[PDB]
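Structure, as structure tokens:
All protein chains but one are shown at their positions in the complex.
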Amino acid sequence: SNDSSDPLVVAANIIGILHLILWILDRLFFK
Amino acid sequence: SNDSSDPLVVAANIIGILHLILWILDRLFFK
Amino acid sequence: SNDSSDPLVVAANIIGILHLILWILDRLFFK
Partner (left out) sequence: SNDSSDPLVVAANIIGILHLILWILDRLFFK
């Protein structure tokens, strides 16, 4: 209902960090 | 025509998830 | 000078795709 800020923008940011957590661990575990 | 929200922002978010789907599968298939 | 849209948002989107091009090729060349 709030057009001030769509959840897509916020979700995109959250996903970015989330991926880093998984990607970061993958690097540590495997090269 | 609508300057309220550019497609670039929306597309960027979609791409993020899209990449995760491919990247996620790659990890499962190969380390 | 234009506060309508910052270049950071546009650049971020461009970078996303750009990375995919390099990342995509890397997968094809190496698993």
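Chains: A, B and C, in written order; residue numbering restarts at 1 for each.
The definition used in the following text is that contacts are C-beta pairs under 8 Å (C-beta built on N, C-alpha and C of every residue); 3 or more make two chains touch, one makes a residue touch a chain.
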| item | value |
| --- | --- |
| Chains shown that the absent chain touches, full complex | A, C |
| Hidden partner chain, touching residue among A:20, A:22 or A:25 | A:20 |
| Chain C, residues in touch with the chain not shown (by the definition above) | 6, 8-9, 11-12, 15-16, 19, 23, 26, 30 |
| For chain A, residues in touch with the removed chain | 5, 9-10, 12-13, 16-17, 20, 23, 27, 31 |
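Throughout what follows, only the chains that are shown with their structure count from here on.
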| item | value |
| --- | --- |
| CA centroid of chain B to CA centroid of chain C, Å | 11 |
| Whole-Å gap between the CA centroids of chain A and chain C | 15 |
| Multi-chain contact residues (two or more partners), chain B | 9, 12, 16, 23 |
